[PDB]
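First, one chain by itself: the form solved without the named molecule, in structure tokens.
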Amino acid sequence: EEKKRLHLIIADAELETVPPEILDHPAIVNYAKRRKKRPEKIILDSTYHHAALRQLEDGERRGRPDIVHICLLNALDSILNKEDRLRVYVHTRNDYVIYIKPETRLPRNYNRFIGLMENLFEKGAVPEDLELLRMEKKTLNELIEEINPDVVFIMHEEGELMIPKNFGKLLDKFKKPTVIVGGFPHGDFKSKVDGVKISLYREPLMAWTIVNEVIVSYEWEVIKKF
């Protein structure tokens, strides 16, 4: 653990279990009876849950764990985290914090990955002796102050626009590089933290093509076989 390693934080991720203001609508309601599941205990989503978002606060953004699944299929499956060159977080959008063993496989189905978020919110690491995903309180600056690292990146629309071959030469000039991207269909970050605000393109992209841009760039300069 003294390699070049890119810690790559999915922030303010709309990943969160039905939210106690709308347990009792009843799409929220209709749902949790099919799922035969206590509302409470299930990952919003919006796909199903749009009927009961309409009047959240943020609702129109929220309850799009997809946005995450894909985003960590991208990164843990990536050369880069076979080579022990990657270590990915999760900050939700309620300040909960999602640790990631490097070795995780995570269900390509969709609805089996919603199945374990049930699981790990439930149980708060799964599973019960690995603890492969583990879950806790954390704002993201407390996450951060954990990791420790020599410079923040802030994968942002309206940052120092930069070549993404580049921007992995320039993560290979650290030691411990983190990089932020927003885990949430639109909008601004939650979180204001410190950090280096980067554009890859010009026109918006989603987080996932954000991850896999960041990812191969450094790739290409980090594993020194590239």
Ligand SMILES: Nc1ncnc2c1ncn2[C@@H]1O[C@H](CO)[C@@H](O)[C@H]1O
Contents of the next structure:
2 protein chains.
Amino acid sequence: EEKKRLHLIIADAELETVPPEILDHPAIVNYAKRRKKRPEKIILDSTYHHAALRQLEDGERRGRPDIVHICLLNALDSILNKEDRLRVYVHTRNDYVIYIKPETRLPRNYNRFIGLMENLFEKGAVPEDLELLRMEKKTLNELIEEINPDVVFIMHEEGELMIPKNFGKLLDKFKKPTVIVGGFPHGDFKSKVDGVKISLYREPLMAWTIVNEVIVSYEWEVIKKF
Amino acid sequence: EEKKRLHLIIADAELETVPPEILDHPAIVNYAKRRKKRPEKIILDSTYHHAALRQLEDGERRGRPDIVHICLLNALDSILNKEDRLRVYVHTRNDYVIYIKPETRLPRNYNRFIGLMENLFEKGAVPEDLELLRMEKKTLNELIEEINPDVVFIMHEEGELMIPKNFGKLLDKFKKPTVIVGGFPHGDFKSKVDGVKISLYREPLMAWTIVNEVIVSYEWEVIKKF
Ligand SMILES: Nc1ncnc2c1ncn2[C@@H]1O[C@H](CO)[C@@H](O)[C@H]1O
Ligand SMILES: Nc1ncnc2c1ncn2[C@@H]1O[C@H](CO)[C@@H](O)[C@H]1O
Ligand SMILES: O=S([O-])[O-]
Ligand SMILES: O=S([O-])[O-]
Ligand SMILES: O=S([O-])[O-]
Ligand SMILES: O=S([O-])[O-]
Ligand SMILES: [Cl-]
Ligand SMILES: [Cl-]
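Given the form solved without the named molecule above, I would also like to look at the protein as it appears in the form deposited with the named molecule bound.
To see the whole picture, the full complex is given below, headed by that same chain.
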């Protein structure tokens, strides 16, 4: 825990159980009936639950646990992760953080991932002994305080434009760089924290693409055998 | 169609409708009843269908359409794709090929992706006019013949070890390099074609990780503004 590592936060993520406001919406009730599950225990998924989101605040961007899934598959299966050069976290839109042990094997199947998220939200930590995933009430600033990095970067389409290769070289100049990528499909961050905004392209990209550019660019600097 | 581009083939992919042999397996019948769908029309998914795979040849590696989904999300959302430097194809374990127009927006949600695959397998091309996805009976060699590349690389854990950065530099020395990545979770390729085997790491990696390493490494060579 003294070697250089990237601390990557997928932040303001659209990962939540079904909003209390819409628990009785027919599309929710029908879905939960079919799944034989209590609605309040179910992970919100706009693919199934869109009809119920029409009237919800930010309804159009909520319920995107797919973004976290694909980001985490990309991050945890990375060479950077295997070389013990990555720590990854999820901060959700409702100010919960998920801590992930680096050795975690995330379900490749999305539906199995959702099942895992349902278990995590219910029990607070999974599995019982290992606690490969652990969740608690926490703001993005509180998380950053815990990491105590020497620099915070916020990946932002409007930030300082950098060639991805060059951003990797920049990250390798720090001991404990934190990079924040939004876990939401469009719009602004909800959590304004101090950090350096960095663009890698002058068009919007998906979170997983940004994850890949950052991780791969860093890999080729920080792993001396590369 | 004269600029350098990477032609990326996700090959021998575990993407198929339910095997004829197991259509009457209870786990298949129950699943298809629940989905109100004809079993033969359903995409095989080991997450739901594993009980029926126990006795099938290669049962343990079949029904992994998740691998294709995550590979294609990674490929199509890439900067390389946006710069018109990528052509991507799927060749399946049953000798079908899927051609993908570069502008295709793949469903981010896995279950919506499966629905799209069901439609594609049924109709041969989707959507009706656009034909962003098109499928036909075809071997991997026949596909390579169509591409007519100046080099074929086969990403293989046992191949010539290369630093990913350096493989990108190598790819940029060709006009029309084809790269093959297996779309199967473990084991050997089924389709032996002529090509140069390249390892990027001396441990096994998932297909999507290899996809990211290849695409990102190439990007930083082939896109002159990088
Ligand atoms: N062009 C871009 N450069 C850098 N980060 C980006 C870009 N497009 C999107 N992102 C990041 O991905 C998230 C999801 O699109 C955004 O909240 C942001 O963190
Ligand atoms: N270490 C590796 N180097 C290169 N390609 C690999 C490696 N591990 C797996 N692959 C590729 O990913 C596919 C799925 O693991 C394999 O069939 C192969 O194409
Ligand atoms: O059955 S309820 O606890 O999901
Ligand atoms: O990893 S499991 O979801 O196939
Ligand atoms: O209803 S059957 O055609 O899937
Ligand atoms: O892109 S759709 O699957 O959310
Ligand atoms: Cl929540
Ligand atoms: Cl098939």
